[PDB]
Amino acid sequence: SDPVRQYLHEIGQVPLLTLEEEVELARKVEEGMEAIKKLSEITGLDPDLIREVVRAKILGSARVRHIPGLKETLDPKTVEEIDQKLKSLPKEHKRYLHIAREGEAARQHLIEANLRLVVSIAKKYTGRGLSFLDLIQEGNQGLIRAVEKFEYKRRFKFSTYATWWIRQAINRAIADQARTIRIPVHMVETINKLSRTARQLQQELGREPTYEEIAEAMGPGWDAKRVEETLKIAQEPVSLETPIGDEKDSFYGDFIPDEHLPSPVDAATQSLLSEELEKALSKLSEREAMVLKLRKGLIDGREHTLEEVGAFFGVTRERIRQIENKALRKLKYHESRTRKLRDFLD
Amino acid sequence: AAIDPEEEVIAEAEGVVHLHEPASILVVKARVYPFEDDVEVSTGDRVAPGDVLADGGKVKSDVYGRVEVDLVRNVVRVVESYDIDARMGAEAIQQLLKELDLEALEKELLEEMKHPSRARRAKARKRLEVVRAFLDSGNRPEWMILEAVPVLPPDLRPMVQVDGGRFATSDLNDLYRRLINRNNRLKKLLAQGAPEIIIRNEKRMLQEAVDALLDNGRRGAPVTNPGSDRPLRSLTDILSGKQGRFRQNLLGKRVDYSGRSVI
Amino acid sequence: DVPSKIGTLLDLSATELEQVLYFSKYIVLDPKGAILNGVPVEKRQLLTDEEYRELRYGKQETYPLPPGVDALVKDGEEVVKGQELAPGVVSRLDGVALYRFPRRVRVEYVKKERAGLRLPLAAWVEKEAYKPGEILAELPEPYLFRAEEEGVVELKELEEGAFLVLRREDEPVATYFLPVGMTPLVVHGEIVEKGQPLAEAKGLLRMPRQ
RNA sequence: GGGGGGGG
DNA sequence: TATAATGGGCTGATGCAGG
DNA sequence: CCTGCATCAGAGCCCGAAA
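Residue numbers (the entry's author numbering), protein chains in the order written: chain U, 78 to 423; chain A, 369 to 631; chain V, 107 to 316.
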């Protein structure tokens, strides 16, 4: 009924390896990858595709899907065809198929056997915006790639190498998902630094530093305006559903006007404008008002400058610019009488 | 064999080898089937009694199981175990509901309706009310689990710059983000063939992401914003209650052309 | 929403619906003839994790043996319920016991040498070949087997019985075999002349076990 | 796993 | 990318396993 | 068969509500 407790129970199902079982599994994983490389050349196939076909049958047909990067759609048709060529090889060649498949069988058990390691690393990274289980899965993802690059012959215990990749994958995960406005991983690294810097500053100054005292504590390149624009970037959004104190019947979002949609006055004002905008072009003549109306555009905005006007207005090219003015100034006398457009100046 | 060329043991001359002092002894219930020549099934495969194992068909398997090719002991193990299909999750359930002919079910439950003890009468009715509900409606029971989960239009889940240049955002966005991360990472754990204990864990977390989006708090701990005890308000929360859509904006609104004063 | 609409359509209880949706139990879609605890697996049955593993992956168990302690059983040996495997180890499973990591490899090398031996004749047993443990001679009284070359002795003792090899320069002059009941009276690296007793032969003389 | 200072 | 590190901190209405 | 017995969804309106 509790999701943490159940996963802690399920990883307690795999016993942890002994030094020989650990090196055995590590051993077979690496030898299995060397298997698949040589099987690429015998076969004329692609290591990744052979890797997934070996992969398919160890796990069972429970999991069969298209894997990103492989050239063929990976469905039971092609894995049967590709498997039976694999099995169509001489006994000295097909001994390497058997090596691959126990490769991936060991890799699975090597992963499952180190799941408790991820938990005890992840438990230290709580309270940074990712949930425990979200941490674990990201930690497990590092464990998976620590298995694929572990070189067992350096004789380090596996715990030692895996811890590096786990912590690497957790801290990426934090820096990439924790913010509603996702920001680049290195930029969060800088923000986190400002805070550590300030905290020690405050810790010696006995009061909160100003941006200038941070700026110099940051070294060259840092002034106070850059401390200031770094923090405005670091700012996290707040919830529309926040209760406005009282907690009874008040949401922050209820206090926020919608400034996108026009109000009834605005939509009426914009209608009113086009209404007397064209009832003013047609009152000199609509033709020279059509030339000018073609210049700016009631609905379209048809505004370039010199060239296209070479085509269809009715005349050639510099004349439209001239009747531009005469429509404009006939408009301007036309408006000294119909001075009802002054008000639109706001 | 070993790390470096040194410390390997090579055999000095002709001789026979005996194994002593194991780390430990693993007893498995399996069948051993030695082979002289080439082996025709690779390790991991599952097989049934009588299936061809190695040496062009002379050696075969006695039991149902899955194959373990020992190239040291040059013998094909088969550990007895079945090609059982047993599933977990919504994926299981979706199938089982895909696999329901409802008219058949109706016929069978009607037959149970002619039975005393009234209790069997009673529960065959409740089941048959759902059966008939789908039959008349045209809804397929498989639709009670989602493959595609819908996403609400963004202007209904806004993220707006309020007066301050600050940003303010609806809770659904964080409930969607949690969903998207988990779907996305499950997609990658699948392509990378992670163990099923790992895939199982994420698959269940995916459910809980879908369950907090649709009706946070309904089952299990309510998901909260970090450093807040406030349950995020999910779609159900929006619809329902005194502050919900119906009672707060559909059965009654604020209005224009109105005003208030002391009397 | 109670009663579950999915639950009722399927005749799955509240608890049963949770367990399969939240990955606490399996539910079978095609038992492919499985059987567990004596009863065949029926469709739409719910298996725990352990149940699922016993049916899908098979049963097995591995048992530590104390360091240095050797097993009362050998590799590939089929075992019964409660058969004993190490001085403190008893298996709780029938099946094929498999060695994990042998710390001790013993390779018995095959050696075929020709070696000589002289005994009385009233005391020898005549036959064309002797195979291990077979009686070789019986002496009424003790007979002293004498060197028939001069040389340095290289003594090679086996578990029971002995080999003797003389040689001048580094070329072996002689290879003698001392069976059981024949205790060498020389030590390795000793030099002996012709006819010095190399060993005493007492009573029954047999070829050793190996 | 459901709730609060003031006015009527 | 490599010492090792391996299991969390008040009410009523209705549908149920149990005397 | 029936009852304890559990699990869930209810709990007045409008306005200031001092975040």
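Calculated directly from the structure, the hints in this document are not laboratory data. Each hint should be verified, as a subset may be incorrect.
Distance condition first, Cα-Cα at most 27 Å in a straight line; then the derived DSS-like pairs of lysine-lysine [unchecked claim]:
1) A:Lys491 with V:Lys187
2) U:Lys154 with A:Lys397
3) V:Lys262 with A:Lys491
4) U:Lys171 with U:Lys234
5) U:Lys171 with U:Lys200
6) U:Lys325 with A:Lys610
7) U:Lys309 with U:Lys356
8) A:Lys397 with V:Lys237
9) A:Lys555 with U:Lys114
10) V:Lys237 with A:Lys491
11) V:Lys180 with V:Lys165
12) V:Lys138 with A:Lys426
13) U:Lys154 with A:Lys428
14) U:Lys164 with U:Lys148
15) V:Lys180 with V:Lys138
16) U:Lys164 with A:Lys610
17) V:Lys111 with A:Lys397
18) A:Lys555 with U:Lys226
19) U:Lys148 with A:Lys556
20) U:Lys114 with U:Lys234
21) U:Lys168 with A:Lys428
22) A:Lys494 with V:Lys237
23) U:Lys154 with A:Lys610
24) V:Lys262 with A:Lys397
25) V:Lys131 with A:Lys556
26) U:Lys360 with U:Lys409
27) V:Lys165 with A:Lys482
28) U:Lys114 with U:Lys201
29) V:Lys262 with V:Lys237
30) A:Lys494 with U:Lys154
31) U:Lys373 with U:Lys325
32) V:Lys187 with A:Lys555
33) U:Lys200 with A:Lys555
34) U:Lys370 with U:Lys325
35) A:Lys397 with V:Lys131
36) U:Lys164 with U:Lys200
37) V:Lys138 with A:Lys466
38) U:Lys162 with A:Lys466
For each hint, the structure was consulted:
Of the supplied pair hints, the one linking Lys491 (chain A) and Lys187 (chain V) is violated, its CA atoms being roughly 48 Å apart against a limit of 27 Å. Between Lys154 (chain U) and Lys397 (chain A) the alpha-carbon distance is near 33 Å, which puts this suggested pair outside the 27 Å criterion. Annotation: proposed proximity of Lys262 (chain V) to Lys491 (chain A) is violated, straight-line Cα distance about 90 Å (limit 27 Å). Note on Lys171 (chain U) and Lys234 (chain U): the hinted pairing is violated, with a Cα-Cα distance of about 32 Å set against a maximum of 27 Å.
Note on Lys171 (chain U) and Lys200 (chain U): the hinted pairing is violated, with a Cα-Cα distance of about 45 Å set against a maximum of 27 Å. This hinted pair checks out: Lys325 (chain U) and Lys610 (chain A) have alpha carbons roughly 11 Å apart, not beyond 27 Å. At roughly 49 Å between alpha-carbon atoms, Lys309 (chain U) and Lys356 (chain U) are farther apart than 27 Å, so this suggested pair is violated. For the suggested pair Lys397 (chain A) and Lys237 (chain V), the alpha carbons sit about 40 Å apart, so the restraint of at most 27 Å is broken.
Note on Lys555 (chain A) and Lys114 (chain U): the hinted pairing holds, with a Cα-Cα distance of about 26 Å set against a maximum of 27 Å. For the hint linking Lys237 (chain V) to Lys491 (chain A), the alpha-carbon distance of about 84 Å lies beyond 27 Å, and the restraint is violated. This hinted pair checks out: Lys180 (chain V) and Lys165 (chain V) have alpha carbons roughly 20 Å apart, not beyond 27 Å. A C-alpha spacing of about 26 Å is found between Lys138 (chain V) and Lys426 (chain A), which places the hinted pair at or below 27 Å, so the restraint holds.
For the suggested pair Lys154 (chain U) and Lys428 (chain A), the alpha carbons sit about 26 Å apart, so the restraint of at most 27 Å is met. Among the hinted pairs, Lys164 (chain U) with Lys148 (chain U) is consistent with the structure: their alpha-carbon atoms are about 21 Å apart, no more than 27 Å. Restraint check for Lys180 (chain V) and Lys138 (chain V): not satisfied, since their Cα atoms lie roughly 35 Å apart, outside the 27 Å limit. For the hint pairing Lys164 (chain U) with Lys610 (chain A), the CA-to-CA distance comes to about 68 Å; that exceeds 27 Å, so the pair is violated.
About 43 Å separates the Cα atoms of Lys111 (chain V) and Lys397 (chain A), which puts this hinted pair outside 27 Å; it is violated. For the hint linking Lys555 (chain A) to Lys226 (chain U), the alpha-carbon distance of about 22 Å falls within 27 Å, and the restraint holds. In summary, the hint linking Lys148 (chain U) to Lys556 (chain A) is supported, as the alpha carbons are separated by about 18 Å, within the 27 Å threshold. For a cut-off of 27 Å, the pair hint linking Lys114 (chain U) to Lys234 (chain U) stands: about 26 Å separates their Cα positions.
With a C-alpha separation of about 18 Å, the suggested pairing of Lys168 (chain U) with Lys428 (chain A) holds against the 27 Å cut-off. For the given pair, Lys494 (chain A) sits about 87 Å from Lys237 (chain V) by alpha-carbon distance, which is inconsistent with the 27 Å threshold. Proposed proximity of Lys154 (chain U) and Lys610 (chain A) is contradicted: the alpha carbons are some 57 Å apart, above 27 Å. Taking the CA atoms of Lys262 (chain V) and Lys397 (chain A), the gap is about 46 Å. The hint is violated against a cut of 27 Å.
Among the hinted pairs, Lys131 (chain V) with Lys556 (chain A) is consistent with the structure: their alpha-carbon atoms are about 25 Å apart, no more than 27 Å. Using a Cα cut-off of 27 Å, the hinted pair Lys360 (chain U) and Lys409 (chain U) holds, with the two alpha carbons roughly 12 Å apart. Distance restraint check for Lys165 (chain V) and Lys482 (chain A): the Cα-Cα separation of roughly 47 Å exceeds the 27 Å cut-off, and the hinted pair is therefore not satisfied. For the suggested pair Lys114 (chain U) and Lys201 (chain U), the alpha carbons sit about 39 Å apart, so the restraint of at most 27 Å is broken.
A hinted pair counts as satisfied when its Cα atoms are at most 27 Å apart, and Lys262 (chain V) with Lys237 (chain V) qualifies at roughly 20 Å. Annotation: proposed proximity of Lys494 (chain A) to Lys154 (chain U) is violated, straight-line Cα distance about 45 Å (limit 27 Å). A threshold of 27 Å between alpha carbons decides the hint, and for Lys373 (chain U) with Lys325 (chain U) the separation of about 54 Å lies outside it, so the pair is violated. Using a Cα cut-off of 27 Å, the hinted pair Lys187 (chain V) and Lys555 (chain A) is violated, with the two alpha carbons roughly 45 Å apart.
With a C-alpha separation of about 25 Å, the suggested pairing of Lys200 (chain U) with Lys555 (chain A) holds against the 27 Å cut-off. Distance hint between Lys370 (chain U) and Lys325 (chain U) is unfulfilled; the C-alpha atoms sit about 57 Å from each other, more than 27 Å. This hinted pair checks out: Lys397 (chain A) and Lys131 (chain V) have alpha carbons roughly 25 Å apart, not beyond 27 Å. Restraint check: the Cα-Cα separation between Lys164 (chain U) and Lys200 (chain U) comes to about 46 Å, which exceeds 27 Å; the hinted pair is violated.
Under the criterion of a C-alpha separation no larger than 27 Å, the hint pairing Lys138 (chain V) with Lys466 (chain A) is consistent with the structure, at around 20 Å. Taking the CA atoms of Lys162 (chain U) and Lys466 (chain A), the gap is about 36 Å. The hint is violated against a cut of 27 Å.
Consistency with the previously given hints fails for numbers 1, 2, 3, 4, 5, 7, 8, 10, 15, 16, 17, 22, 23, 24, 27, 28, 30, 31, 32, 34, 36, 38, ordered from lowest to highest.
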